[PDB]
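Following the hints, complete the assembly by docking chains B, C and D with the ligands onto the known chain A.
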Amino acid sequence: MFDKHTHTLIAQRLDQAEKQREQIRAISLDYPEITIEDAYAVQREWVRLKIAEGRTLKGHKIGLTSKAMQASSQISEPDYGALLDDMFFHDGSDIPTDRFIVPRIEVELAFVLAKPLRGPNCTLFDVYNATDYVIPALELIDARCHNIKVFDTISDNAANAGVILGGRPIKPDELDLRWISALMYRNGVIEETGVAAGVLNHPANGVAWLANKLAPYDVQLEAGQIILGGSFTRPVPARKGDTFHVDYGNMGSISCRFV
Amino acid sequence: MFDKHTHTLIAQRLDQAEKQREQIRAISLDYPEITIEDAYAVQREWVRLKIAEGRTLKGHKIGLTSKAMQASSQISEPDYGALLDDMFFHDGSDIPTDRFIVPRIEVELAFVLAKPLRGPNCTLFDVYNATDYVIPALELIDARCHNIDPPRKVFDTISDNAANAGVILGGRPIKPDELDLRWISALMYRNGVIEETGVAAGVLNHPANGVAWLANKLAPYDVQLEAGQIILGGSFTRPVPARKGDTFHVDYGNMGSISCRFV
Amino acid sequence: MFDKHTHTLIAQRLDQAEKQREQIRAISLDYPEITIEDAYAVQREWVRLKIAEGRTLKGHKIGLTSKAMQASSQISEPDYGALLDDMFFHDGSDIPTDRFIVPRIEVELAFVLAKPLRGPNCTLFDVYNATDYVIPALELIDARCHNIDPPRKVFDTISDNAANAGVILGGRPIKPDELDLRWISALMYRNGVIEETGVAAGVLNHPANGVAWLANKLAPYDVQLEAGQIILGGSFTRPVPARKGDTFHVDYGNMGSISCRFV
Amino acid sequence: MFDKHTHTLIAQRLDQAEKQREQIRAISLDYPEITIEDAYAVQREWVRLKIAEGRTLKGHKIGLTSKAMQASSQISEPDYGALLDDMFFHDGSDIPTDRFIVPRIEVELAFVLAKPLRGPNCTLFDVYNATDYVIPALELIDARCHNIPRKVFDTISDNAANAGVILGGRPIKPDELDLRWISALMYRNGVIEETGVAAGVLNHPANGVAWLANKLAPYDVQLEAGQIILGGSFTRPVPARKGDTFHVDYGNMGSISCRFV
Ligand SMILES: O=C([O-])C(=O)[O-]
Ligand SMILES: O=C([O-])C(=O)[O-]
Ligand SMILES: O=C([O-])C(=O)[O-]
Ligand SMILES: O=C([O-])C(=O)[O-]
Ligand SMILES: [Mg+2]
Ligand SMILES: [Mg+2]
Ligand SMILES: [Mg+2]
Ligand SMILES: [Mg+2]
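Protein chains in written order, with full-length UniProt numbering: chain A, 1 to 148, 157 to 267; chain B, 1 to 150, 155 to 267; chain C, 1 to 150, 155 to 267; chain D, 1 to 148, 155 to 267.
Bound conformation, chain A alone:
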């Protein structure tokens, strides 16, 4: 583990990259010995910096869930990152393309917590008990590091950039979350489809997993937090002028336009 000052330095470079819309060199190429522990430390530092700047923690995401599951990927488990208030866009919003560098849209479910969730022994059942509503959610992911590597993604707040909630809120017991499915349209054509079971076999699993990862840091998932569980589609690039419409069937839809 690098010393605190190195983590802060890396975080400040990611911050400037995000604000300037100018990518930096992959952190792992400049810091060949970086570990996963370092990457989460850098993330913590960046998030700390951004909250100091006037942002507020609103929740967390779990990512690389598809890659953790795929036999072909060397990724062995999910990543996580922190969701801040300024990342949220309303359903039907115009999204400022110029804010982002290489934005892509992916399709998720979100858990809105009525009660806190704390590890180390958090289960799926705890998640069900603590969840007020499940709601469809799009994630807008981005990269502050050049991709000419998991350590780079994690350092870079797990690729976080935007979240768009919409559709129909449901109580968790209302229907089988595993069979929620979606069609992602971009510019009028279906680009990806998927089913929620594709997220770790049950889209609530990542929420328990996450609570358990945060416990050693004396961190819990707080009541009121929104937790994105992971994408069940591949991400699709968003370019200026693109309209997205994601149809979750009887769970409603989420749309936006890049301007």
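To be clear, the hints were calculated from the coordinates, so they are not data collected in a lab. One or more hints might be untrue.
As the list claims (entries may be wrong) - Have a look at the derived ranges for each label pair, beta carbon to beta carbon:
#1 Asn258/C x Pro155/D: 23 to 33 Å
#2 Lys115/B x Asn258/A: 26 to 36 Å
#3 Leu49/B x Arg99/C: 51 to 61 Å
#4 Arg55/C x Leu183/B: 40 to 50 Å
#5 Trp187/A x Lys115/C: 25 to 35 Å
Stated by the list, open to error - Chain B is faced by these chain A residues, among others (derived, beta-carbon under 10 Å):
#6 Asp94
#7 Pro96
#8 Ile198
#9 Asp250
#10 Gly257
No residue lacks a Cβ here, since even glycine has one placed at the ideal position from N, Cα and C.
Chains B, C and D with the ligands only, in chain A's frame:
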């Protein structure tokens, strides 16, 4: 009734207007005493020309259904027009904006006929018996006459093949007896925002009614609605302008969706 | 921001306009530099007067939801107004046409609160948690300022208590988690004919959204949405003029109906 | 256009590539002037040769459906190929891995025809009228050409990458449920590798069947009663390796499984 030659020449000017994407003056201003029968005669001549050029009749539309019903509108009954093969786009198509003048999208249901329908006494029941499937349909409408003289009337619309330009089918095909057609409803999004919503009962109290009306209108001309034709029943939303770069997505709930992009 | 005294006097003129059923000139024409905050201040003063006369606050409405969403409209966000006890009519009422100036009917859903809602960070989820029942609601809207100067702006509407005049509740009360509120749909009949149709998602993509927005708007004024209040979420149809002798019947399908007659 | 005897020579090379499980150079590289018409002519010849050897035509498939839709791909419309009887494996079967070169599994719906479909004006509604049953279907695809935009000519010539078909799950009448929302989870060796929803196939998985009838009409060919028509995959293909077990869960449409040996 003007002579056949006058009908043919008005038809030719509409045809050139469409081909050139350049509007003509409202027919009703150049011909102040034009009748409804003249307007349909001009339409018949234009469709004749188009078919002579190699186009094929695929069905018909019923239009001005909302206005026929609205008390604030002087329109007393629907109009109709002919749908040709080159008007049809598949769900999820890029539509060439340059092909059109002032295109607008509206939200309809279509009836695909298994059997022919002939007037003069066609009923809603006949329509049910003859219909193979009901399917969501968008209509792309346009205007080859100026709307404000450099306003248009019903005679201009009817002459102008009832504003026909495009049709986009999509969604879930259903047998007519599968659910209550009156309560099919839709949300019309453009560029990610809902611009209009509507329910199918807004078309003449039952979206199948215009099909019987249409078969009855065509009966005097020794024309029927043929097996295999697609009949668009009328829009249950107001039309929404389509501009280059616009994406539309029309969500018919459990009846599926229809989308396209103007390029 | 004009002084309190100016706000009070504009409020008094609206009040007289309502009492006399005689419109005043558009406030926005007499006060060319009026701000949104001025307009809400005038509304606050008018509601204060009305409550001092013996009226009681029963809830609020969110308005201009369609226009806030429509790309062709310069309105960037909804408005709001205060609902008073004397605005409410029961389902199946005779409504005195003479009480109003240019009344119009529109089609909404209402949220009956079990618990209070306070901003600044109210979400859709908070609205669900606080809502006791959702119920169909018609709004009767009116205008105490002239629409064409012998046009009105948003400042006139907002000052004019957001065009509030009447509310008519009816139909089936449901718990918010009972069905998808987005797909509640309605047919608005007047005199036996369907004049408008609509679907509830046409209100801000989800009819509960305006309730959170409203709680957030009121938070700076140290005002919250109280337990027991009725909150009208915005119309999903265009408004339809109401004239003496008109019957309305608004069919919300499996959510019931609301009807009335203007006498 | 190449002369017909060149179509025949290309088809013979593909036939040998398949038999020896050894890829040939991309046809589009060996034959730079190749047209889509040539590609389908090569396919027709190869299918004729296989039938002459004792195979029987059992149906057709429509492919490249995702690529035709996706903006990131220059492919403009789907392709099609012929399904022969020796391509079909039973639900729960061992599949001989050694018979294939670079096999991959994908997830489809199939339409079992009660009545023939003939173009050139075939519609989705004609497909519904002509379909006896819709049934889940896996396709096993493969490539007899090595892959170092005109690649489409190679895929088409190579019988649209056809190799195998595995039918299973629940047979339904076409009006039973909305086919657009049929969904599936593709497991390989116990883990979900892909998921997808059938509307990913041309916005309605029946659409390609009408398009296919219309493509075949100029050749005096129709889709015949009794044929099985695979509509196109709504998942990306997943490599199949010796030892692999696949289990594809279509929810209330049942499942299809197989094992590579
Ligand atoms: O990485 C992610 O954000 C994901 O997989 O959803
Ligand atoms: O005029 C029309 O086409 C209509 O109302 O649908
Ligand atoms: O302005 C209003 O009252 C509305 O939109 O419902
Ligand atoms: O090419 C294929 O076979 C497909 O897309 O299903
Ligand atoms: Mg994600
Ligand atoms: Mg129409
Ligand atoms: Mg209202
Ligand atoms: Mg295939």
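Checked hints:
no., hint, in the structure
1, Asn258/C x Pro155/D: 23 to 33 Å, "violated (53 Å)"
2, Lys115/B x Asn258/A: 26 to 36 Å, "holds (35 Å)"
3, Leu49/B x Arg99/C: 51 to 61 Å, "holds (59 Å)"
4, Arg55/C x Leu183/B: 40 to 50 Å, "holds (46 Å)"
5, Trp187/A x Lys115/C: 25 to 35 Å, "holds (33 Å)"
6, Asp94, "holds (8 Å)"
7, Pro96, "violated (14 Å)"
8, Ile198, "holds (7 Å)"
9, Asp250, "holds (8 Å)"
10, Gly257, "holds (9 Å)"
When each numbered hint is compared with the structure, violations occur for hints 1 and 7.
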